[PDB]
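> Take a look at the letters that make up each chain.
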Amino acid sequence: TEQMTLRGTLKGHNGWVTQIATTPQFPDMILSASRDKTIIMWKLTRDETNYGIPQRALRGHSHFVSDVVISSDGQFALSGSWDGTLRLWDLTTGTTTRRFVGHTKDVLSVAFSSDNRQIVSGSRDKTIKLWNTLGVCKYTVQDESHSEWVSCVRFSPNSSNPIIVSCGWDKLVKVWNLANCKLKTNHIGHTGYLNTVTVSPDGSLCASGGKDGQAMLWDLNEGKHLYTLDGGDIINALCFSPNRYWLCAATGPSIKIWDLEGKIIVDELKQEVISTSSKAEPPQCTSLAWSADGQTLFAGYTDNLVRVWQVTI
Amino acid sequence: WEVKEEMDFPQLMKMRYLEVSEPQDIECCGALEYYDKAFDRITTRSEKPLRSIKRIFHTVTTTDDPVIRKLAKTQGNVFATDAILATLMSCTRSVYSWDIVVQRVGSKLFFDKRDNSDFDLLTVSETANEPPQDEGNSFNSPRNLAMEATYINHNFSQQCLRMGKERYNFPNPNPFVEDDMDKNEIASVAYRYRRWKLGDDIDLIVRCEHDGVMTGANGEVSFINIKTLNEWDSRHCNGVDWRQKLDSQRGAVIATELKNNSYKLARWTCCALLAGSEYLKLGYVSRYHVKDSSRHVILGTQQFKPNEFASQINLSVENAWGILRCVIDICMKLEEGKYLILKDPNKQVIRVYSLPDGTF
Amino acid sequence: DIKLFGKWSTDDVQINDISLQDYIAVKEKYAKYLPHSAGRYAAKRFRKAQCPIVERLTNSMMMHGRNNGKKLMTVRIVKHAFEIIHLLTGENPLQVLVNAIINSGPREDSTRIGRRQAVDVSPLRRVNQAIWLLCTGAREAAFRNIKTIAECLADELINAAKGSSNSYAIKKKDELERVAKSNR
Amino acid sequence: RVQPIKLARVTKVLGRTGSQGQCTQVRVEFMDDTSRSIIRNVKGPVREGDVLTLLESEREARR
Amino acid sequence: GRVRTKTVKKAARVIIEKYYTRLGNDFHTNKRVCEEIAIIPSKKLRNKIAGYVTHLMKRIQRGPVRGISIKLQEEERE
Amino acid sequence: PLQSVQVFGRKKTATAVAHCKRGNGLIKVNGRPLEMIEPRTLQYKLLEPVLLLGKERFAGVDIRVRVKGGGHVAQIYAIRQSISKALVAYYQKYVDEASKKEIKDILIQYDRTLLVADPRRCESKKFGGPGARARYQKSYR
RNA sequence: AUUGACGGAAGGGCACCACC
Ligand SMILES: [Mg+2]
Ligand SMILES: [Mg+2]
Ligand SMILES: [Mg+2]
Numbered sequence: 002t003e004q005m006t007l008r009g010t011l012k013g014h015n016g017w018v019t020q021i022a023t024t025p026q027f028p029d030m031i032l033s034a035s036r037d038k039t040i041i042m043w044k045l046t047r048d049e050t051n052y053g054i055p056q057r058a059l060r061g062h063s064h065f066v067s068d069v070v071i072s073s074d075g076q077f078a079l080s081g082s083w084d085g086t087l088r089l090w091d092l093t094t095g096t097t098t099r100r101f102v103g104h105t106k107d108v109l110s111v112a113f114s115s116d117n118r119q120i121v122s123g124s125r126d127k128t129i130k131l132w133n134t135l136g137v138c139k140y141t142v143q144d145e146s147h148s149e150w151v152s153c154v155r156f157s158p159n160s161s162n163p164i165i166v167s168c169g170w171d172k173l174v175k176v177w178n179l180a181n182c183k184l185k186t187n188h189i190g191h192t193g194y195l196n197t198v199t200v201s202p203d204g205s206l207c208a209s210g211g212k213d214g215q216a217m218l219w220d221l222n223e224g225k226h227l228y229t230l231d232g233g234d235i236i237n238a239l240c241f242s243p244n245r246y247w248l249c250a251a252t253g254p255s256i257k258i259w260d261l262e263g264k265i266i267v268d269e270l271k272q273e274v275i276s277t278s279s280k281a282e283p284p285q286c287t288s289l290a291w292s293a294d295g296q297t298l299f300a301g302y303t304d305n306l307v308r309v310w311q312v313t314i
Numbered sequence: 169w170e171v172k173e174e175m176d177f178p179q180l181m182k183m184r185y186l187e188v189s190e191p192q193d194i195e196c197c198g199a200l201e202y203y204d205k206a207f208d209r210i211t212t213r214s215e216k217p218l219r220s221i222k223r224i225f226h227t228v229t230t231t232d233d234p235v236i237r238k239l240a241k242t243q244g245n246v247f248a249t250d251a252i253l254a255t256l257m258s259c260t261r262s263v264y265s266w267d268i269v270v271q272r273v274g275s276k277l278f279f280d281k282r283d284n285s286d287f288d289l290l291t292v293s294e295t296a297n298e299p300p301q302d303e304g305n306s307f308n309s310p311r312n313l314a315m316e317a318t319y320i321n322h323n324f325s326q327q328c329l330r331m332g333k334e335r336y337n338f339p340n341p342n343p344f345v346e347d348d349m350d351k352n353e354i355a356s357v358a359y360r361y362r363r364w365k366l367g368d369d370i371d372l373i374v375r376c377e378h379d380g381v382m383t384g385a386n387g388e389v390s391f392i393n394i395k396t397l398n399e400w401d402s403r404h405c406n407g408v409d410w411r412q413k414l415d416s417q418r419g420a421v422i423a424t425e426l427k428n429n430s431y432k433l434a435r436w437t438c439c440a441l442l443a444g445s446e447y448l449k450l451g452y453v454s455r456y457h458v459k460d461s462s463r464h465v466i467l468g469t470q471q472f473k474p475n476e477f478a479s480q481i482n483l484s485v486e487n488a489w490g491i492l493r494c495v496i497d498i499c500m501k502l503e504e505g506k507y508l509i510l511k512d513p514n515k516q517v518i519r520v521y522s523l524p525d526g527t528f
Numbered sequence: 016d017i018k019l020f021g022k023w024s025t026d027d028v029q030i031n032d033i034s035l036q037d038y039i040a041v042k043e044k045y046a047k048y049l050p051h052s053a054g055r056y057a058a059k060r061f062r063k064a065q066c067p068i069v070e071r072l073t074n075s076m077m078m079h080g081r082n083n084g085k086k087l088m089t090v091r092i093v094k095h096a097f098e099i100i101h102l103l104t105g106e107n108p109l110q111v112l113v114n115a116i117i118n119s120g121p122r123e124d125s126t127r128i129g135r136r137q138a139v140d141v142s143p144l145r146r147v148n149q150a151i152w153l154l155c156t157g158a159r160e161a162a163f164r165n166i167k168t169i170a171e172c173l174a175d176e177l178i179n180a181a182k183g184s185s186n187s188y189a190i191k192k193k194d195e196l197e198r199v200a201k202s203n204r
Numbered sequence: 005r006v007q008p009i010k011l012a013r014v015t016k017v018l019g020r021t022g023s024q025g026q027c028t029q030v031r032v033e034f035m036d037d038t039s040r041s042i043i044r045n046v047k048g049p050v051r052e053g054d055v056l057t058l059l060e061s062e063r064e065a066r067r
Numbered sequence: 002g003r004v005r006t007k008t009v010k011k012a013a014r015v016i017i018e019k020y021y022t023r024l025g026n027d028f029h030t031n032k033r034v035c036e037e038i039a040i041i042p043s044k045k046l047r048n049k050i051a052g053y054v055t056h057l058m059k060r061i062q063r064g065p066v067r068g069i070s071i072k073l074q075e076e077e078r079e
Numbered sequence: 006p007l008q009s010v011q012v013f014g015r016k017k018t019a020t021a022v023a024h025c026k027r028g029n030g031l032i033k034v035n036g037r038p039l040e041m042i043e044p045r046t047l048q049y050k051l052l053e054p055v056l057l058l059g060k061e062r063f064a065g066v067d068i069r070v071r072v073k074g075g076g077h078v079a080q081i082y083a084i085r086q087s088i089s090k091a092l093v094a095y096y097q098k099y100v101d102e103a104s105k106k107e108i109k110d111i112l113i114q115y116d117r118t119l120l121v122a123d124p125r126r127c128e129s130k131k132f133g134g135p136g137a138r139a140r141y142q143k144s145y146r
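Residue numbers (PDB author numbering), protein chains in the order written: chain c, 2 to 314; chain x, 169 to 528; chain V, 16 to 129, 135 to 204; chain n, 5 to 67; chain X, 2 to 79; chain Y, 6 to 146.
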């Protein structure tokens with residue numbers, strides 16, 4: 002009875018939707034990063050004609066935007082791109098304030114701290130480098146880093162053992178201790194490149210996924226391995242859920258929602274049938290985001306859309 | 169049942185009486201409503217779906233209709249409501265059978281609607297090269313494709329104009345044509361009464377249709393009609409894609425629709441001509457994807473003059489009015505008994521049957 | 016409400032010939048304020064059927080090599096010819112132009128296979149031929165004569181649109197059909 | 005003195021012909037008789053969907 | 002012309018046979034992989050090779066193309 | 006108070022830079038009004054943005070164009086493109102993106118060149134003839 | 001018997017320094 006429905010789309014993009022971000026302060030505004038080199042700040046006018054309308058575009062970078070994240074107060078955004086830079090946007094004006102320029106190659110992912118004091122990024126030059134809110138590269142880890150690219154680097158919103166979780170294309174999940182920027186635990190399980198990594202809201206669990214189509218849950222207190230779930234296709238993004246004990250994943254063109262207590266698929270959200278001729282693959286979901294109330298799932302896609310899945314009861 | 173008159177399409181091809189003066193007016197009634205240029209200018213690669221609107225049925229025979237019934241017995245002896253002379257004006261184009269009831273009671277010659285194995289609903293692809301199979305209860309079956317087509321010209325008619333805005337009110341109300349209780353869904357559709365000379369007391373009291381009015385670029389009254397086509401399964405009847413060609417090769421789309429639908433286009437053209445309207449609006453409607461009904465999208469609207477377009481359906485109003493006069497001539501020898509004009513479906517020749525004991 | 020040169024409406028023209036409906040571009044999307052635009056219509060095939068018909072008439076008037084490239088001159092002679100047409104006839108000059116295109120186009124030609137077997141004519145090619153015939157009729161009527169090119173263009177396509185044989189384009193069309201009928 | 009002209013819609017373009025490659029061959033469907041798809045030679049640029057004015061009908065092409 | 006030459010096709014084939022596990026049907030990620038793993042002296046040749054790699058990976062999914070030998074043979078137990 | 010954008014528009018070698026700021030409906034090219042630019046045959050090309058978008062869309066801005074390079078016709082096409090792109094960029098940056106979408110659809114639907122530059126430029130002459138493709142007349146016998 | 005060149009041989013292809 003707790004399945005979802007398709008409540009409407011958010012047109013207005015000219016490329017794949019590589020990342021979507023929300024914030025608990027403003028429940029009427031989401032950010033979507035794309036491959037048309039622009040970020041769109043939406044306004045959720047939940048009406049019949051359109052669920053959302055593009056309120057304001059941000060047009061800084063010169064390549065695809067590959068990540069985006071909103072600060073805690075919901076005022077400053079942080080974006081990373083394939084041109085090798087990071088930008089700290091001020092949402093009210095719509096213009097950038099700081100431009101981080103250390104990274105040589107394409108910046109795959111960006112993250113913020115819980116208190117937004119220090120930020121971290123990851124890139125195709127096989128380095129994970131921290132920064133601060135003023136604009137200077139503080140510390141660039143190089144010892145025992147990933148042998149291939151880094152594709153998702155995230156913090157952990159929890160006071161005890163503040164850590165940096167990361168994953169890359171060498172099939173390894175590394176847990177970094179933030180106080181000394183030293184390696185702490187190395188996870189070796191995955192058998193294909195890792196496209197995403199996520200941390201549970203309650204700061205106890207972590208998830209990881211990629212090419213092998215399987216999602217592995219790793220404990221963050223003792224570095225163990227709880228279990229592993231199997232998705233149909235390439236896991237392009239994972240996203241835990243704040244209110245409910247669920248893990249969502251974007252497997253190929255569908256979205257699988259694994260419960261974490263009975264470990265069954267509660268729902269497998271599929272898009273409707275279009276292009277009835279069986280000559281082309283459907284568009285693949287690329288990103289996932291949960292609203293703070295946990296009643297709405299925003300899903301990026303490959304046909305330049307952003308679909309809105311609403312949970313029912 | 170008695171057999172009285174039978175004539176083929178060949179005789180209708182060479183029947184003519186060009187005696188049609190500039191028409192007068194008797195009375196105009198019915199509130200009008202304006203349109204939206206943005207809904208008109210919707211074009212290919214900029215789609216918009218087709219919802220459902222509520223059409224208040226207003227098809228009534230002249231005798232039962234109170235406005236006509238308070239004017240038919242007063243003056244005039246030949247009467248025919250709108251979209252009913254098209255039957256006699258599309259004989260050489262049609263291949264199927266229609267049914268209508270001309271009652272020659274006394275000197276009165278008033279047309280009325282009757283049903284005998286055929287209905288008044290829209291007929292699609294009737295006279296095309298390699299006609300559709302229409303077998304069983306398929307998606308392309310005749311009654312269901314016709315029901316889908318009537319669905320579209322009922323909904324899109326009430327979906328192209330700004331219906332929610334304050335409807336302009338003409339001076340005379342339409343009596344009993346959806347007037348008993350104000351359902352508030354009474355459309356812009358107005359009806360005129362006009363009289364023109366054609367022959368031996370053939371001052372024809374004729375109803376008209378105005379499916380809306382469009383405000384001028386400078387601003388004035390300019391009546392319009394809203395009627396639309398439908399696309400389905402382009403491989404059949406030697407079709408062509410509208411979602412790839414409407415923007416730059418719309419002329420070919422009109423050409424192939426004329427080639428496919430000829431009786432239907434003539435049926436519409438008769439109405440758009442006799443109404444004296446300014447613009448004829450043809451909407452272009454197509455399915456969301458092939459082999460899937462109950463879902464449609466409006467791909468555009470084209471404006472052409474109802475007279476110019478009558479010249480482009482290779483239809484002569486002279487021979488049309490003449491075949492009308494000649495079918496009235498063939499219906500002049502008959503008597504007070506009414507006549508159900510049921511054509512022959514398989515082999516297209518016009519026919520009629522005098523009704524025993526007023527058969528209905 | 017886009018009016019050609021600011022004063023000629025474009026929604027009451029009527030292309031009465033079904034064949035030339037999608038080649039004489041004059042209404043609803045093809046309305047423009049001027050017969051001048053950076054074209055790029057000779058890039059791909061058939062793209063010049065998406066050009067406004069007055070800009071084709073303007074383009075085909077920059078001819079004989081002393082008037083090559085002089086498009087502003089042809090724009091103003093088209094403007095002046097349209098004003099002369101509206102004075103003489105009493106109807107929209109775009110309608111008169113469209114009727115001159117329809118009447119002046121040849122619909123059966125004769126190609127050299129050998135003796136010249138008759139052939140049918142494409143709609144785009146008969147639009148091309150109609151434009152070229154009207155332009156050269158105007159051009160050769162205004163050469164070494166006190167009349168100006170605006171009056172000659174006006175009287176040329178007025179006589180074309182009405183169908184009389186005193187135009188040059190009607191003479192050439194009749195001659196082409198006469199040979200292509202006597203030599204089927 | 006001769007029969008009236010007819011209109012015909014091009015159905016598909018078969019390929020070009022003529023000595024210098026000037027003409028092109030198409031198969032047209034009449035707009036009145038709704039049958040008898042005949043091959044005709046047409047001068048000038050022709051594509052699918054075009055409407056042709058046939059000054060003389062009932063004559064088949066070279067092929 | 003748009004006809005890829007022998008250098009583009011042969012390079013694409015060797016890249017696929019050696020690095021099948023790192024290529025999807027995405028031209029841009031393929032371009033980045035081929036610029037990490039190969040030494041291509043220009044940027045047009047890199048783009049042409051990545052385009053043919055993308056076009057071939059869109060054929061690997063629909064059966065084994067003649068000319069490419071990979072570990073996919075093993076999973077054809079049948 | 007810094008509400009201003011500078012956007013450009015190019016036709017062949019011409020380049021017009023339109024400066025659009027907050028103001029009260031004034032458009033001036035090189036200090037001259039918009040209805041006094043010299044090729045008054047092609048006046049409606051200059052008036053086309055204001056005639057498609059109306060006056061209320063322009064009645065809250067001050068536009069001042071400065072054009073340099075190219076010939077007369079190329080200069081007024083640059084003026085056209087710069088005015089349209091300037092209004093679109095001002096609308097995008099300072100009011101809302103829905104309004105930008107609406108006016109960009111109106112302009113793009115009428116004519117693409119109001120927001121996309123024409124990429125054609127003159128070709129290079131070769132050493133066989135008078136121009137790029139033409140060649141000198143060749144003689145036999 | 002082979003390679004080249006030629007045929008006022010017989011088939012294909014190409015080029016606005018060839019044509020339409
Ligand atoms: Mg002179
Ligand atoms: Mg030169
Ligand atoms: Mg020559």
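Derived from the structure by calculation, the hints contain no laboratory data.
Treat the hints with care, as some may be off.
[As the list claims (entries may be wrong)] Keeping only pairs whose Cα atoms sit at most 30 Å apart, straight-line, the calculated BS3-like set for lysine-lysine is:
no., chain 1, residue 1, chain 2, residue 2
1, c, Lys271, X, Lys59
2, X, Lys72, c, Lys38
3, X, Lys19, c, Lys212
> Work down the list of hints and note, for each, if the structure agrees.
Results of checking the hints against the structure:
1. With a CA separation close to 22 Å, the supplied pair c/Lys271 and X/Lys59 stays within the 30 Å bound.
2. Among the hinted pairs, X/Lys72 with c/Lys38 is inconsistent with the structure: their alpha-carbon atoms are about 37 Å apart, more than 30 Å.
3. With a CA separation close to 17 Å, the supplied pair X/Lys19 and c/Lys212 stays within the 30 Å bound.
Of the numbered hints listed earlier, the single one contradicted by the structure is hint 2.
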